[PDB]
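Only one chain is given next, in structure tokens, and it is the form deposited without the partner chain.
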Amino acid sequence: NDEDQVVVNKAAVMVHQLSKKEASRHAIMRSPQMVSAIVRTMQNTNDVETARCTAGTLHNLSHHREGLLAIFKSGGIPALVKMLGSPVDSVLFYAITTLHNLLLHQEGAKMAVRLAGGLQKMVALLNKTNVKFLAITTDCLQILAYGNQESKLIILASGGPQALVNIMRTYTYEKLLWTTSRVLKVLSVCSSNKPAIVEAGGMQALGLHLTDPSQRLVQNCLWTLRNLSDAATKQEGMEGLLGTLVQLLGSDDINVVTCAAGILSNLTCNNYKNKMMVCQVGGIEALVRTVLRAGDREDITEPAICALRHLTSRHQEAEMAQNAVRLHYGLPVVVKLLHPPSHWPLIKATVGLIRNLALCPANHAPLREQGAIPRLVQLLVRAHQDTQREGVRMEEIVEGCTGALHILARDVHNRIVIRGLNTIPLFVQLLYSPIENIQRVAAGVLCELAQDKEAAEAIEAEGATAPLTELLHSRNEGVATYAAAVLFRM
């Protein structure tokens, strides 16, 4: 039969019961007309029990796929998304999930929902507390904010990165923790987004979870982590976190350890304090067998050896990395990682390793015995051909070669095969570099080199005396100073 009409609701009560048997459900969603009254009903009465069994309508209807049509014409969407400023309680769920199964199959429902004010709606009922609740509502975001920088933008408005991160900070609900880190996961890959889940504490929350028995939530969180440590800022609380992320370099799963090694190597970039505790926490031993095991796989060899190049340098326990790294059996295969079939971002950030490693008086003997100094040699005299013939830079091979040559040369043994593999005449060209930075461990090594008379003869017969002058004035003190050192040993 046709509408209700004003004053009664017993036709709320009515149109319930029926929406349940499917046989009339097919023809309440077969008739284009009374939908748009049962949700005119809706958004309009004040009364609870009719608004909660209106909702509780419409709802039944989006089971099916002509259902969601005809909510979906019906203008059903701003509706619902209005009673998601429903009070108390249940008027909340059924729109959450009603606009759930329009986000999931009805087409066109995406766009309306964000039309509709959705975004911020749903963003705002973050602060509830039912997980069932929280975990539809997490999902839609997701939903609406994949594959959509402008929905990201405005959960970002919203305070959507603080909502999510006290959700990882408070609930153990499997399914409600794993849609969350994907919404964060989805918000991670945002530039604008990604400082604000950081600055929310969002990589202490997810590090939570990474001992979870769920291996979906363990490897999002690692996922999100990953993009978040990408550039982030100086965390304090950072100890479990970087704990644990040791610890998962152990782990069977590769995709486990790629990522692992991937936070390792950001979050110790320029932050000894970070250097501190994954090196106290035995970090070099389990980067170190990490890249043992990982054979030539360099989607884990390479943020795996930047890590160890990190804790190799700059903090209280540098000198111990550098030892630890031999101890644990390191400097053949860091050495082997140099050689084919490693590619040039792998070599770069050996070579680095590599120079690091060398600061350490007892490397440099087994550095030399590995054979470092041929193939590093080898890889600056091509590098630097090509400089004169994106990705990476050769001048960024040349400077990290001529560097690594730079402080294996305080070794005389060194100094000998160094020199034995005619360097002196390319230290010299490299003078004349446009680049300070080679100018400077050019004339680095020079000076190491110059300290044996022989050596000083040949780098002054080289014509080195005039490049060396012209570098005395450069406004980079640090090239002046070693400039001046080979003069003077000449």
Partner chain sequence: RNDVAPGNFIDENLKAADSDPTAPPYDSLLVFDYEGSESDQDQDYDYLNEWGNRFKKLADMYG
Contents of the next structure:
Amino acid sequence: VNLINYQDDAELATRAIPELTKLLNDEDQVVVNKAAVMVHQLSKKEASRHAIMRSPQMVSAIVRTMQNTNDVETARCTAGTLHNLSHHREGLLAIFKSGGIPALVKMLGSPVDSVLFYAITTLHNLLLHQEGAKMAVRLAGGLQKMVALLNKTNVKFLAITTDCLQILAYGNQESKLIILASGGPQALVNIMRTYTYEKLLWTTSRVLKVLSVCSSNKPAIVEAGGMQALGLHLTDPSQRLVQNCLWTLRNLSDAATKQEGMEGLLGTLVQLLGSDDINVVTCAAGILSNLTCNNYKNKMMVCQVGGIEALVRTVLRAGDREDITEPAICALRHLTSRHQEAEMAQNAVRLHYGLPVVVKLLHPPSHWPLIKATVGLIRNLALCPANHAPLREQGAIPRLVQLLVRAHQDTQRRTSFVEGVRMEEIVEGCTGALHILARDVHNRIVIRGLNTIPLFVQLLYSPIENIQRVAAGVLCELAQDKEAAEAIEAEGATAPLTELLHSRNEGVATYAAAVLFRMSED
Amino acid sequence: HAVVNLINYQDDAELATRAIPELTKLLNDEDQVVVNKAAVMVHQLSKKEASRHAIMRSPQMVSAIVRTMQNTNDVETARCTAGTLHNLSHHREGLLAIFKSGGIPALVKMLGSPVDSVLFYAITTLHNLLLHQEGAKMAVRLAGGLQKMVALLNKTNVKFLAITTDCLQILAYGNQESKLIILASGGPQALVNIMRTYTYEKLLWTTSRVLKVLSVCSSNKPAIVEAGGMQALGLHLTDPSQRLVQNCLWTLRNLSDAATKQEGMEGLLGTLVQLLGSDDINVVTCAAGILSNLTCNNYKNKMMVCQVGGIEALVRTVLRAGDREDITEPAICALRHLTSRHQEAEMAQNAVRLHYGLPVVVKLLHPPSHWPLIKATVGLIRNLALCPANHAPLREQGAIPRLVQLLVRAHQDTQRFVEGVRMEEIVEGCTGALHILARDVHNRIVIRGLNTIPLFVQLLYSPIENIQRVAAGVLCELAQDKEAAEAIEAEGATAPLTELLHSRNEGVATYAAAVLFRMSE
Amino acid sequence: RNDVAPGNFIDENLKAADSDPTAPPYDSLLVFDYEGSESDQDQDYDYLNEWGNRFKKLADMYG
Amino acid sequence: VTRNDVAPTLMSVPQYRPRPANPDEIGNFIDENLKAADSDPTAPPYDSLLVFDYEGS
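The block above covers the form deposited without the partner chain; next, return the form deposited with the partner chain bound.
Okay, now the whole complex, with that chain kicking things off.
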């Protein structure tokens, strides 16, 4: 009786479809209204639904009725009708081919909640399943109307909406921009800090994540308080919510170096470094890396919330995984210079057993980016005299010199970039770590015993001021000892240093004048 | 009844088939009072569908009716004959009969009748003929109908006008001579008048269409504008009738290029800007195009468009548009015009950036974009550069790299009209932009940093007085830096430049001077 | 799209060469050419009997 | 992608005295002037910024 009354009511429908149509076309506003109501009730019956779904003229008349109507009821009805229809692929293609998207979009401007709900839901289905729906919605001007709807308060509505926003924003610049232009960041953030409906929060974060790769939304989201809002969820049970915020947080990170009030975030991140999830730890390490770049208040705060230990432990546990070690090490480098807490951090790395693992990263497999970072970190650690011996005993000096030599030979055979890093950096970096390392008499002996003097002198003839600086600088530290001083003089440093006196670089000239003096100083 | 009718039908019919001959013979009589009477009975018969068909199926009958209608001097007769034809006019069989009987010229003649009933009948019939009988358009046209119909545009019956104007649309469609006749008859003015006098939707619509068909004419275009077309059509842009609106939009757009001096365009300009927000891309595209042209060389309109928020609306238009060049081009040109030669042009240059226009603007420089669009985009970029605040942004977006890249492909061709645009323009275009961007230090660096000087100076070896002017300005700007000032003479700078000191371009001179000048310091 | 037109003396007579209203790039039009694409149940013919004799045959049929 | 060094937004620390005559003092001229070059915060290594851009799928 169920497969007997289907084709019955269905056929019976094909019997009234055509008339109902003509009625919606009727001029008498009231005739139409009533007709819409009838078509609406009809779309509830799966039987009829297929009859409308197959009558292009009916659909087109429903769409038309919806957009031109002024009856809050006709609106709700025609809107619903399209919705009920939007559940089948033919309904999608129908609604599509008959210009329903633009009408639906216009409806997103309705004050009638029921209508809005229908409209946004129809569109959603269209976005998810109708080929060509996305670009159509972009052309109709939907994004603005959608961001404007973020003003609503029905979580389930917002859920859909943001997901529409997400679907249209993924990989599309004009869209990302329009969302931005329409104050999307501020709306999205607000959601993040106000509601607690998992699905919504997750979806909203997926939108933010998509926007975070945009050069123009990045700062906006930050300025909108995005870092902190996003931070609020790093503890949620939903691993998917957490991971999306972490990702989004990392993309925003470079644009958030001047942000204030980050304690909590900086705090949580440090904690997360102890996760079991590699993706979590990675992101955390990455974020901390950027957030501690040239922001002294941030550095100070991290050191004070157990960051050094955390970072050290991470680097330890990460082993060969450079996706974790480079940002982690960079963080540690950042934390060990230019701020009142640097000294503490310098001893902290040691007192937590990091020196070994750190010196080790200077060796293969470690890649250039990582080595560069490690060299830099070792230089800072060397600022603390309580690190000279320990650091020496880890065989760092021999190795730095090795990297210095080879890299420098490379910068020479390129006269007659690698993994991004350019050897000239490794030259400056290594010579620099030897310069700060050359502060310990025992180290001065080692550096000297590796037959490095002749090379250092050669570096004075370098065109790069910074290299000139560290070369002259390490030379100055060595030259404070007679034999050394003369060995240097004997290498012909006297000539080049002399001219390095007329150097525009204060430090460079000083070091020069210092050696020239140390040499002749009987 | 279900059959009584069906019986009386064939009956009243067979009876008519028997009466026609007699009535025919009567219409062909010399005593016009006989004919007059005959005409009356015929008309009556023509009112019942059975009697009707007998008449249609009779070439001699219809022929008689026609002759009588056109040669009679009795109103009551003309009223009857014309009404008869009117009735036959509703059957394919009848339309053809009227046609074969030479009714069209007789009907056209009737368009001269002072009797209102005759006019309605006549025009209605011709309309049915124009719509369903092959040959009617040409026959009516050849019969001088156009002049007759335009002449009736002074009538006030909206329904009657609706038909008369739709007849003109049908005849004028893609037929230059017809359109030229409608004009010589004063159609344009009469039509615009209808547009600003009545409120009947069908008439407004119908009328807007003749205007549309008339707007594509080089001759009618100027007329419709002087008539007050733009202002007129602007009046309905917010009408609930979407078909009226779209048609006015099309017409407005077609006339747009000729209205660049019309005034009282504030009502229009406002709505258009508003219409850019429409959910209908075609409404937007039109509005965009209309705005493009109306903001062309008219500081007054430029002013207005900005005051009402056109900048944001247009930028957003471009954003929505994406790859659709039919939308971006006019939109972009509108922004270009809006960002120069007018008080608020400074503020405009800012607004674009302020609404995230720069990112997408620059993007439009790269493919799939076409030359017509690039040429536009380039011009917009240059105007956006007049604002210092945009110097950095434009660079960051990659404006400079691509500009130069274009200038190269563009130049290599002014040696050995692609996509419509002549490369000499692309050259004058890009360099022109670079010139303004060059005002920012960091840019100069990026500019010369791409080794452009080899080209720039070599662009002094161009006859195009404008391509010259900018090349000197790029240098005049680039030579402002020592390291560069020298790299310029290091290619053969003074050589041409000296000459260009005598050029008749108050511009090329002042530039050529400061260039050599600084060059040696 | 048809285009439509409107020793330090150097550094001051130059400020005009930059702010020249009669200088490029000029605005431009774009010519668009879109053209698109009686009921009567009255069987009262009695008046025929009150007419000429030439209508006799007719009056006879229609009353 | 690739990292980008960032200049240290100083809080002001430069301070190098000019080489005085009376060579009998150009010897301590360096000692103090040297302590300055070793202090100089405007010397590498600089902190660096990596720019992540994971959009997902």
